[PDB]
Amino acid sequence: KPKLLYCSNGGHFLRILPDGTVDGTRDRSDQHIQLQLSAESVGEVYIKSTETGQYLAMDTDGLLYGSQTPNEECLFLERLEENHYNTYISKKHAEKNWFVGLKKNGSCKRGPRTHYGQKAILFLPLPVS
C-alpha cells in the first residue's frame, strides 16, 4: 500500500512535482504526495510517486529531485528510529551521512546540511487514507 511521508519538522508531506521538483506540502489532499515504497535489497528502498512514476533521488550536491528512471541516486537506506520515526539515507552518499530532510518552511534541506538528531530528518509514514 502507498504511503504519505510526514515530516515532524514543519508538519509537511514529502512531495514530488512532475517538474522534477521536491518540497513539502501541508495539504494532505495533494496528489503528488502519495508514494510507493519499494524494497530493492534489505534496508534499501526506492521511493516513487504513484502519480508521476518519478523516483526520489539525491544529486551530488545533496539536492532532492524527481527522477524519470530508477538509478543509483534513487536508493535510500531506511532506518527505524527508536522513537518510531523513520530516517532515509542516500545510499550513494551514505559515508557522508546525507539524509532526506525538509526545512521548517517545507523547502528541501540539502544532504550536507542535515545531521543525525535533526527534526528535519524524522518522517512518519502515514496511510494515504
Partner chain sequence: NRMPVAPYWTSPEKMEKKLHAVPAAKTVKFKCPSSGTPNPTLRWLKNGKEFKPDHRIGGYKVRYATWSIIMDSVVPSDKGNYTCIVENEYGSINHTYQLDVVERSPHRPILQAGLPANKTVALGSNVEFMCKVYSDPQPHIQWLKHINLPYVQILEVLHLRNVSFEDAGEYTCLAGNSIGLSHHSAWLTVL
Given for the second form:
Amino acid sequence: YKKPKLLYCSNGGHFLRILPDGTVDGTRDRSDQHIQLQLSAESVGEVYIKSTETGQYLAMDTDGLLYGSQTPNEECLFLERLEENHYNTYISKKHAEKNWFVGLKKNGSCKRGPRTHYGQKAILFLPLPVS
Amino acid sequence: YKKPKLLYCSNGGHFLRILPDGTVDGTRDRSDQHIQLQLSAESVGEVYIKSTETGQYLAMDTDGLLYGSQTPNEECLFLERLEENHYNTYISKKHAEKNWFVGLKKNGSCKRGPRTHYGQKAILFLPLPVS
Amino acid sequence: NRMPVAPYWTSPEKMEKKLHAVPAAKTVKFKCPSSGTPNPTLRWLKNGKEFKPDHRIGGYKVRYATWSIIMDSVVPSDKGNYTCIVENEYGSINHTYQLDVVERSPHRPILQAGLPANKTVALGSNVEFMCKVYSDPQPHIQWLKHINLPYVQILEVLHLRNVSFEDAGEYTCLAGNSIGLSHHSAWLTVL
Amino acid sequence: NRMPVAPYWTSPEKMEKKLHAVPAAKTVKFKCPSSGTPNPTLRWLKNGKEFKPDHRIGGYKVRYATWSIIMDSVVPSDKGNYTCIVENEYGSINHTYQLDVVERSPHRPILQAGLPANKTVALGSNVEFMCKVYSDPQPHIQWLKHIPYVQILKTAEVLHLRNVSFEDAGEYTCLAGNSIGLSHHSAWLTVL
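Moving on from the form deposited without its partner chain, kindly provide the form deposited with its partner chain bound as a structure.
Once more the chain from above appears, this time first in line as the rest of the complex follows.
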C-alpha cells in the first residue's frame, strides 16, 4: 500500500494520467511516465492521489473538472470506497453532497464530475502494480 | 499452506526428520531429502504430518516414541496449536489426556512423549519454507 | 455459393480497449465481432498456445453468434494474452487482449502479530517501535501513547528520542480503513 | 604484559546450532564466547559487509562481556548471515549464524473475496466452484450444500458438480476453519 500504483478505469481500459501541465486524462500505455500514483490517507477513508513523476495532486475544481495540483488542498482529497462489485470509486471530498465522482470517458477524456452517476463504468477504478 | 514445509525445532535448531526406516529425529541440514513435510487437516485443529519423500506419517507409539508410519492411523493424528509465544506445538491426539508432545532434544534425538512438558523448548516448532 | 470476402472487424472500435484488468472472481468476456464470406471460423489462444477448456478450472464458453469467449470466475492463474483468430478460405485476421486480475481484500487493516513489541531501555536511549500493516484500501496509521476506554495521546515506525522515565508506558499502533480499524500495543520499560 | 594466546572458543558447543529460525518480533541474540590474550576484539558482519546499528530499525546492542549481539524485534528484512569476528595481535577466529524469521498469522482462515462466485448453467453442464484460503495453521476445508441446514459434500480448492440438473440448483458454501476460528463464503448456482 506504500508502493505507487496505477488507477485503471474499466470504462475504456485507460490508466488515470496526470500530465505535467495540469491536464488529467487517461491512456492505454503502461510505459507512460505519468500514470504512477501515490495514494495517501489524510484520515480514514480520505486520500490524496499524486503523480510520482511530477508531484502533482489529482484535484477537482468547482466545475467538477479533474486537474493536477502543484500543492495539496481541499480540492485534492477524495473519499475512497471499495465497492461491493470489488471496484474502487473516488468521490470528491469537497463536492460529496452532490456525489461528484472521479471518472473517465470511453475515450479516456476527463469526465465532468457533475455528469457522473453511481451506475457508471466511468467511475469504476482498479488499483494495479506498475508492471 | 498446501506447500510442503519443514518443522524446525527451537531446542537445538534441528529440522524434524522422518528417515525411510521409520526413524524419527532431527538434523541441521536443509538439503536432506527427508525433512520436507506435508501437513493436512483431518478435521479442524488435527493434522497429519507426512514425509513427501517417503510418504511416511509421523506417529507416536503407546510408549511415546515418534516413528514413521507407512499408512495413516490414530497414532498419526496430532493436535496443532499456534501458541501465544508464536511457536507451534503438536500434541499426540491419541495420548492427549497425558499431554504427550512431539518434541526433540538438544541433540535432535527423539524425545519420549512422556518426558515433554508445557514449558520445554523441545516441543516448540516453527514452520519454514523448503528454501 | 456467395461472393468471397476475407474476414473483417464489425466493431473495430470496441476492440480499442486492449487491456482488461479485472478484480478476481469476475466473469470476463472477450469479443471479436467479425464477418466474411463464406462465414469465418473463431478460435482462441492463450499466450500463443491453443486454449482448451480444460486448461483452466471453470472452463469457458464461446458464443459463436457474438464472436466472444466467456470465462467465469477469473483468478490470477488466468492472467495472460488471449487471441481470437477469425478465418475462412480467403483470409485470417486476429486480435490479442491482455487480461490482468487483482484479488481485492475488503477487510479492515491487518497488523503483523507481535508488532509493536515490548522494549526495555536505559534512560537516554532512543527507541523505535515497528508496525506492519496490510490493507487493500488506503490505511490511515496513527501511533498512540496511553495516559470504558483508555485516554490516549495521538503522536511503520514510532521514534522516541532521548527517552526518560516519563517516556515509559504503553504505546499503540492504530491503522484503519473504510471497513474498520485495528491496533496492537506494546509496553516500554525504562531503566 | 601476559603470555600471548590466540583467540579461541569458550563454549564451542553452544555454537553448534548454526541456524536460528525465529518468529517475527522476537528478540534474537547471538553469542561467540571467546578468550585470548591480550583480550580479543568483537566485531559483527551481516552477509559479509560491516553491520552498523543504523543498518536496521531498532539497531542492536553488543554485550562485550557475553560475546553476544542483541537484536530486538526481528523482521524479515533482518534475515541473513551474521558473523562474529574475534581477534587480537596473535590471531582471528570467526563464526557465522544464519537467521531466518517467520511472520506468524494467528487469525482464523481468510477466504478470497468473490469466491466462490455465482454461476448459471444449462441442464447437464458440469460445474466448478473455486475457493482460495489462506491460513498459517492447517485449515480444514469443507463444501456445504444448503437444504440454515446443510449437507456436507466434500471434506478435506474446487467443488465439482458433474452432470448438473435442476435439483443441483441452489446455494453452496466453502467453509474453512482452524484452531482460532472458522470462515466461509457462499454462492448461488442457477440452472437453465
